[PDB]
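Of the protein chains in this complex, all but one are displayed in their positions.
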Amino acid sequence: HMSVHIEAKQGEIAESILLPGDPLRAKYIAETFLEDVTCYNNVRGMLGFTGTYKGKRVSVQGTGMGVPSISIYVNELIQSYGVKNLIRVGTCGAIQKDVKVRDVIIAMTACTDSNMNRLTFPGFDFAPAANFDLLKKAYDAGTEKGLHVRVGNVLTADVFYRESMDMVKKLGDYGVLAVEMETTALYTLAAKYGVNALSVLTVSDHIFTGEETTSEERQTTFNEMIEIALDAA
Amino acid sequence: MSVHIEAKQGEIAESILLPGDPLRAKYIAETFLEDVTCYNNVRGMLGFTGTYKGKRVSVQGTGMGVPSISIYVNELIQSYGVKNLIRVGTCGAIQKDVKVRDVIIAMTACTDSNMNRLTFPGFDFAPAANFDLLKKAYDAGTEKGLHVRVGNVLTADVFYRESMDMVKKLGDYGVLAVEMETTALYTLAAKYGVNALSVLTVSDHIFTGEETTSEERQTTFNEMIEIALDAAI
Amino acid sequence: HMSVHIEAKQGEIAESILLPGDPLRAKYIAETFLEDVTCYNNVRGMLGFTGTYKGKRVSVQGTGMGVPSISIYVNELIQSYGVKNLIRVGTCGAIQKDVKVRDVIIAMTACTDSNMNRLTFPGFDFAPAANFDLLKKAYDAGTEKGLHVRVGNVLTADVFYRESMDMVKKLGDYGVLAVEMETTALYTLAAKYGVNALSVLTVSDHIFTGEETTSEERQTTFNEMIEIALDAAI
Amino acid sequence: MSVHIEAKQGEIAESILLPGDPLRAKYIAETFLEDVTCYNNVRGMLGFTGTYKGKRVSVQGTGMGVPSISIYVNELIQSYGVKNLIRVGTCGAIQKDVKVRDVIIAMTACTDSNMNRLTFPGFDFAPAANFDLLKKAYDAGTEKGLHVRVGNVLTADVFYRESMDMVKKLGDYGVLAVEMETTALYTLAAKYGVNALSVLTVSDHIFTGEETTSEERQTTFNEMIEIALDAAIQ
Amino acid sequence: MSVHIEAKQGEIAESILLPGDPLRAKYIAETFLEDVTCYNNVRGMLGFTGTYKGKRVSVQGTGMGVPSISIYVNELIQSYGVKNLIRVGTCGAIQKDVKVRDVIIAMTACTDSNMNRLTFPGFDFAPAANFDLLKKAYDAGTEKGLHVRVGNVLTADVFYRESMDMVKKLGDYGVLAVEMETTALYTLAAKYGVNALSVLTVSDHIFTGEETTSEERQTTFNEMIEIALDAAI
Partner (left out) sequence: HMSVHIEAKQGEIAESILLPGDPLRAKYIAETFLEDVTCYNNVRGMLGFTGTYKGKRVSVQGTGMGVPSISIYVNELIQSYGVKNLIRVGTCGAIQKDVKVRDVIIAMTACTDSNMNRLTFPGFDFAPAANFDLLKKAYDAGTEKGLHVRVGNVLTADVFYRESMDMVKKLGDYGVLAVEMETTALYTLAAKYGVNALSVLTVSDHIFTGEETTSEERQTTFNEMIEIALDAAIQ
C-alpha cells in the first residue's frame, strides 16, 4: 500500500516529519542536516526524504501551497504512513503593526478565510490548537537561540493575492500576527486524527509597512528553526 | 464609573479572577484573600479586591454566556485599567480521554456564538490566550501535580441544546470541554491589547456521565484558584 | 426536583412570572408590588420570588443579561416548573427616530445578531412572535393607564458595546423601535414549548439623539409598566 | 409613471388591497367598488380604483413571490404615494391543528428568502405588521365569526420544495402557514414608514392534505375583503 | 392539470418559450405562430401553442422572479412533459463592453437568491445551460448577424436595489447583464434532466445609462425570438 500522491513503501517514512513547504527546501534540509538519506517520493516532484539525525530516523516532506494541497499530503502521511508528529517550518507576512521581519512565530492557533471547517461544523467557528508540548519545546529552544520568537495566532489565507486588505488589517488590530496558507489545515487534521502538530514560521515580509527580506537574509534563522523542529520531533 | 460596576477609580486591581457565579467570587475572596473590600453590588454581581501573598488582586462575578461576560470585560478594561484577566470555574468534558478533576487551560476557543462572524464576515476567528499567562499557569499546575490539559474548548452559546451531535463531533476532533464564556474574554482582551486566560476544572464528563459534586472537587478547585492567582500576580 | 440553576420546590413558582434581568429589580418588584412574599431561589444570587398581587399568586425571576443567560432560566421555568405566562420587564435604548424616553415598547417580534435560530433553522430567518392575547391585554392596560405604548419590533443585541453603530442605525431607519438583549430567546423558547411570552420595556435613553434618563428619573413609568405586566400576566 | 405600472399620477388611491391574482382584483373592484377605473393593464397585472363608502381605494394584482411583489410595492409607495397596503390572500397550513378556512393575520414572517440577509448582514430581520391595522382586522374578523388566528407565517421562495423537514419544524415552533409575499410587504412598508398587513385564508393543509375549493372559501374571502376595505378607508 | 395551468394533456408542446410578460407571450404567438390556441388563462398567465416552420411549439408567461418562474417550470416539466425550455426577454447590461441590443446567451448565472444555498449548504451551485440548445442558438444568432455574447448573468432577487456596488463589482468580474429568472430555470431543468436556455436582449446599460425603448429594439427582439424558436425545434 502507498497513498495516491506518495509512492513510499510502508515504513519508509518516520513517525516524525518536517513540512518545509517547497520540495527544494525539503531537499536542502535532508542534504544539509540528515545522514543516510533516502528519497522515498518524487511523485509530482513533491520530494520526500527519510534520514537520521542524532541517531533517530526522521522525515522531511514537501507539501504544496494552500489548505487543499497540504490537506492531501497530511491526510496521507497520518492515515497511510502512521506519522505522529508534524512540524511545518515556513514563512509568513506580518499583519500586526509592530511585528518585525525575521521574527519567528509559533502558531498557537489559526484564523482562516477557508470554508474547510465551516463544512465540517456548520454554524461554528472551529479554532484548531497546536500541540502544546511541541509548542513549548519550540518556544524554549527558540528563546535559547536568541530568535525573535512570538507565540500567538495567525491567519491561514486561501488567497495570496488579495484585492481588499481591510479585514486582514482588522485582524492585525485584534493581535493576529501574520498571514500564511497552510496552518489551519495542518492543525485541524492533526486534531481529527489525535496526532501532534506545530507551525513555526519566519516573518519574511510586512504586508503593510512594506518591509521585506531576502532568503539569504533569512538563512541563519531558518537553519536554527529546522534544528529546533528536528529536536522537537 | 461604568454602567454595570459602581467602583470608584482605583478600587479594582490590575489583575482579576473572573468566576461566573458572584457567590463564588465571594467564596474565593473570603477564602484566599486578605483585607477584602467589596466594590460592587450592582445586579448582585459581587466584586472584591484584596491581597494574595501581599499582592493586590480582584475577583468579579461575570454571569453566564458571552454577552454578559463581554459587558464586564469591556468595562473592567476600559474604565478600570485592568490588564490581566483570568476566568476560573468549571466545565463539562467532551474529549474521550479527559477526566473529572482535570484542569483545562484554553489555548483557544471554538464557538457557535455569532459575535466574531459579525466582526470578521467570511472569516473563522480563532481567539488566542496570552501565552505568558498560559505558560505561568501550566507550569504552576504541573509543579502541583494537577492533570492540566492545554488545548481548545467550546464556548457554547446554548446550555440546553436540542442535539449533542455537533458537540460530540467537536470532542471527536480533540476539543477538550465546553463552557460559555472564553471566546468573549480572549477576543476582547486581544482587541484591547491586554492579557487573558481561562483555567477550568472538569466537574463532569458530558458523554461518559462521570460527575462530581462541588464538595467532591473542592481541593482541585482550590488548587486551580491558587495557580490562577500565581499566574496573575 | 429542582432545576440546575433554580433551587425551588415544585409548586413554589406561580404559572405567571415577570422576568427582569436584574435580581435586585426582582427584589424591588416583590417588595413594592407583592404581599406574602417568599424568596424561592438564591443560587448564583439570581433571586426569585413568589408573592400575591390582587389576590393572585405571581412570581418574579432575575434572568441575567443576554440570550444565553435568559435561555437557561426560561428553559428551566417551563420544563421543570410548569410556568405558562412569561413577561420580560426592563429597559431599552431607542433607535427609531420618533421613539422617546419613558415610552413603553411592547415587542411584536425581535430582530437579532444572535446565532440562536440559525443553528435551529439553517438557511431561514426565524421571526419569533409574541403571544397575541398577552400583547393585547398589556397594550389595552397601558393605553388605559395613559402610557405612550408602541407596538413593533426590537433588536435583541448580542453585544452591548458595539464597535460600529451603522447596522443598528439602519434597523432604526427600518422602524426597529429599540435595542435590548433578551427577547428573541424568550419568544423562541415560548414558541418551542407552546407557552405565552411578552416583553414590555421602558425606554431609558435614545441611542442616536442622546436623550438619557436616570433610573430615579423614570421610576414612576417603570412602576406603571410593572403594573400593566402584572395585570396582563394574571 | 413607474416601470411596471402605467397609471397616471393621482389615479391610484392612498390605500390599496393586494389580492394577488389579477382576476381577484377585478372581482373585488366589480363586486365591492363603485365608479371603478382600471388604471393598469401592463403585464395584465390589473389595477383598479373605485369608491367604497364614499372613499377612494385601489385594488392591485401582484405576482407570486417576494421579487414580484417587491417590484409592485416599491413603485406603489415611491411613485404613487401609497400609505396603506393590505395583502388579502391564501396560504397552506403547516401547523398540525390549523384548519382550512382559518384566517391568519400575520404579526411577522419567517423566510427562505435572502432579501433581508443582503440588507442586514449577520442579522435576523423580523418584519412587523402595522399594529393598528392588525388589531382592527382581528376585532372585525372575530365579530364576523371568522376562524381568526394571529401569529407568524413562513414566506417561501419555493412553492415546490424537495424536503418538508424544516417547514414541519417551523410548525412545531408555532408557525401557522406558508405563503410567498408578506416578508417583502412588511419589510418594504417598514423601510418607507408606511402601513401594511397580511390577512390570509388557509386553502390547504400541507401535511394532512385537506383542501378547499375557491367556492368553499368565498363567504370567508368576502368577509375579509370588507374587513380590508374598511381598514383601508379608516 | 397542474395548479397554475389549466391545459389539457397534449395541449402544450415539448418545446416552449418562456417570456416573463403574458402579453409578450400573446405578441409572440400572434406575430410568429400559425394555428394558435390559448390553452391557459389562470392568473391571466397566458400560454399558447401554435406552429412555427411546420413544428408545434408553445409560449408561456412565467411572471417575474425566481419564485414565479419556478412554479411554472415545475408544472410544465412534471405535469406537461415539456423537454426544451427557453427563457426569452430583456436584460440590463453591467459589463463594460456590452451594448444595448446585444443578445446574451447565458452559460450560467450568479444569484443573490438563497434557493440553491438552501439546497446545497456550504456550496456555490453554478447552474449550467444545456450545451446543445446553447450552441444551436449561438450558431443561429451569429448566422443572423446579431451580436451574441455567451457568458454569465446575474439572476437578481431585487429589482430596486439599495446599493449598486456589488452588481458593479460583478460587471468588473465579467458578468454580462442582470435579469431575475435564469438560476431557477437552469437548476430545475438540470434536476429533472431536461434542456434549458436563456436568450435575452440588452434593453439598457445599468452604468453607461445607454438605453432603448421597446419600440426602438423591436427588430432585435424579434430576431432573438426567431433564433430561440429555431434552437427549440
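By letter and in written order, the chains are A, B, C, D and E; residue numbering begins at 1 in each of them.
Following the convention adopted for this analysis, contacts are C-beta pairs under 8 Å (C-beta built on N, C-alpha and C of every residue); 3 or more make two chains touch, one makes a residue touch a chain.
> Tell me which of E:86, E:109 or E:206 is the one touching the absent chain.
Touches the omitted chain: E:109.
> In the full complex, which of A:158, A:211 or A:231 touches the chain missing from this view?
Within the whole complex, the residue contacting the unshown chain is A:158.
> Return the single residue from A:45, A:55, A:146 or A:210 that touches the missing chain.
A:45
> Which chain D residues would touch the chain omitted from the figure, given the whole complex?
114, 117-118, 121
> Which positions on chain B touch the chain that was left off?
Looking at chain B, the ones touching the missing chain are residues 121-122.
> Pick out the residues on chain E that sit against the missing chain.
With respect to the unshown chain, the touching residues of chain E are 107-113, 116-117, 119-129, 131, 135, 138, 150-152, 154, 166, 169-170, 172-174, 183, 187, 190-191, 193.
We adopt the following convention: only the chains that are shown with their structure count from here on.
> Using the touch definition from the top, list the chains contacting both chain B and chain D.
C
> What whole-number Å value describes the gap between the mean CA coordinates of chain B and chain C?
Taking the mean C-alpha position of each chain, the two centres sit 28 Å apart.
> Quick one: report the Å distance separating chain A from chain C, using the average Cα coordinate of each chain.
50
> Hey, what residues on chain E touch two or more of the other chains?
Residues 114, 117-118, 121 of chain E each touch two or more of the other chains.
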